[PDB]
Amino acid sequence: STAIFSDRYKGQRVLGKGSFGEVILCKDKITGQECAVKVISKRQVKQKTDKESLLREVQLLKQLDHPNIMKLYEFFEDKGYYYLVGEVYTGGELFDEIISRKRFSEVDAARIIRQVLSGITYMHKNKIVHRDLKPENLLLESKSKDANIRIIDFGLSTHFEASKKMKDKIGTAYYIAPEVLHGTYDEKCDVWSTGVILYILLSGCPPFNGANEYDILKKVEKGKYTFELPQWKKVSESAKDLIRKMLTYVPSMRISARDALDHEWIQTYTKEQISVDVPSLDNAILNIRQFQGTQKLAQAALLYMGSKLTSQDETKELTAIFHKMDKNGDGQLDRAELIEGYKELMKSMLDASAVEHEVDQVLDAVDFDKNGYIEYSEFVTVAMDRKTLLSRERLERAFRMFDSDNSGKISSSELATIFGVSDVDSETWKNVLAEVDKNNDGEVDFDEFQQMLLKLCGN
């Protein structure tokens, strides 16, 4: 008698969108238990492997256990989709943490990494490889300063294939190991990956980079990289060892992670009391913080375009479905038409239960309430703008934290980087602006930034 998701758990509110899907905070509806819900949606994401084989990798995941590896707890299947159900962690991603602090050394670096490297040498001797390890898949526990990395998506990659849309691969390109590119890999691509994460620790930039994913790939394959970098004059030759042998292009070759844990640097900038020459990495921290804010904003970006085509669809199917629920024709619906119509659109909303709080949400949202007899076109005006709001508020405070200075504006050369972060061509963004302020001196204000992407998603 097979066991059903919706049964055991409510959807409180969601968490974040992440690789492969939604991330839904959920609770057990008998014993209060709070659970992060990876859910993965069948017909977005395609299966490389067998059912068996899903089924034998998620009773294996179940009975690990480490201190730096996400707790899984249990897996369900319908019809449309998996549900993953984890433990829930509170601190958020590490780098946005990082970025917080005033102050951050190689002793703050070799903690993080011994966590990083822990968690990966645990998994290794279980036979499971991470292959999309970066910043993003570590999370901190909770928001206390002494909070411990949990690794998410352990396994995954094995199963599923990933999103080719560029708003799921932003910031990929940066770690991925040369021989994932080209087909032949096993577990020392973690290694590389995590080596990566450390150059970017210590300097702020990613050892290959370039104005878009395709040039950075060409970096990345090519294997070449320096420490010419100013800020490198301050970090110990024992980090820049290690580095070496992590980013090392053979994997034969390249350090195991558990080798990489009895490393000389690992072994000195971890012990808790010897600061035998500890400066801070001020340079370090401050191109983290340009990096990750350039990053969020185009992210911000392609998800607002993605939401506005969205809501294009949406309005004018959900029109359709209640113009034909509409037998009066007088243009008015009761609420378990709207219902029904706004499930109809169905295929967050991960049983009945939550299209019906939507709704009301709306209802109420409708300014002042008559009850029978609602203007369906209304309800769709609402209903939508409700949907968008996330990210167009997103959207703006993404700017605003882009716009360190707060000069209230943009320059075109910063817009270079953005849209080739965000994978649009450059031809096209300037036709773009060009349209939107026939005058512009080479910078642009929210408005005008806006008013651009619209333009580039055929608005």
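Numbering follows the first chain given and starts at 1. Compared with the form deposited in another entry:
In the two-part rigid motion between the two forms, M325 and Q451 are assigned to separate rigid parts, each C-alpha being placed with the superposition that fits it better.
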Contents of the next structure:
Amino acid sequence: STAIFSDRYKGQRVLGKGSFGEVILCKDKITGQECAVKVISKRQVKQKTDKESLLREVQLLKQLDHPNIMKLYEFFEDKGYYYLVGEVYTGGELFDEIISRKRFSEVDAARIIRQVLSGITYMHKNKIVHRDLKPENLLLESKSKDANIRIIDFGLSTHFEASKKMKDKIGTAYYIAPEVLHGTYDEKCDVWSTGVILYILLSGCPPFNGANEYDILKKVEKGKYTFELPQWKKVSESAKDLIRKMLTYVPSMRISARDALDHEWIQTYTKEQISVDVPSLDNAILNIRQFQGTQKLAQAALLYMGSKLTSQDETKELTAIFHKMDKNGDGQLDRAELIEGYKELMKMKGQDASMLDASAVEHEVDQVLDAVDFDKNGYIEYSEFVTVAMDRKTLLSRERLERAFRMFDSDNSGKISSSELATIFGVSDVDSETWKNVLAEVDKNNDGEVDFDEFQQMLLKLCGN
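Write the structure block of the form deposited in another entry for the protein whose form deposited in one PDB entry appears above.
Left out here are the partners and the other molecules; the chain alone remains.
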């Protein structure tokens, strides 16, 4: 009688892959209610605690309500997985919204930060620490300018190991409190992370910056930072005073999320009726765009390479399953067999694949059978099927990376400089000598720049393809 996830919910589409696992948009089979479900592996991702402590924390989370915290509704567990069923937001990540703004003021920044600090204050009262607070964990209810912010992933840090692949830890280093690196931490680490977000909101630049993860962490662990940049001339002294208190090194001296809410900067700048100036922080928005574009292109590059690996397996494997199904060895198959064979390949796409993969077959097959047999004969050469099935998969991969490359190239030059490659690859933790070797191989007469096709050729080479 133990409740089963699939008895209750069916997956509609993938929302995205955040830390700890994939997020799937799901639908209650009775009531129609849409939920977001975080599917976490017991293997791939594993566990810090024992099960008792996790179940306890889960039970606590289901009873808490705040307008700036993502509501957890249900928890399920099967042998391979845990399912965290929660509220769904569609407004996207905070920074992705802010970069589309034409204008952005200290009041815009203070209102955003008050929501964050109100969320944090409530959770800390309930002895729940986030630990991994960063922009990606701040989602908007709506792509509206005035939208409410919901913090995702409170409490998860305590119970599951963070994925050590670089795709999943890009961005992480800027936000992490120094005491967390050293191992003795408490709820003050969330105030530090928030201070880092605020700093970025006001200047467009990390307080603790660097060419790669470890250069950043070094800076964090020293804890020194400045307001030297010229755009800090345009920020109030009150905003800087709050920042100094949230980025106080020694945690016992750092300000609480509760007192940060009371700071005069918050109380002044988050009036309903604006009694202060709102000069646009035009330089900060420009830096935020660059920052975000850089981070998104670096993630896209790693996902492109990741996707290119995981699917090399497919072409050969799919051909094998299809050959083995071809008892008579005529190189052909019907639609039922090709469907079955493609499910087989998702059945074994790692021990772990995406949950909607078995279901996406039928319509993804029909989409291939259209290109290979538009008159619907029904005895199909499976090599051509494989050829077109995987041709489409590769193209779709190319398109997500292209999209990110285009966004990075904000002045529509069509190209990215070697120094920009150096930055992107630093973020992605690709060795400098290694990518340059690759560049010289792809195009000897490169003259300090690459277009999209050359950038994509480099990536292919950096994953052995």
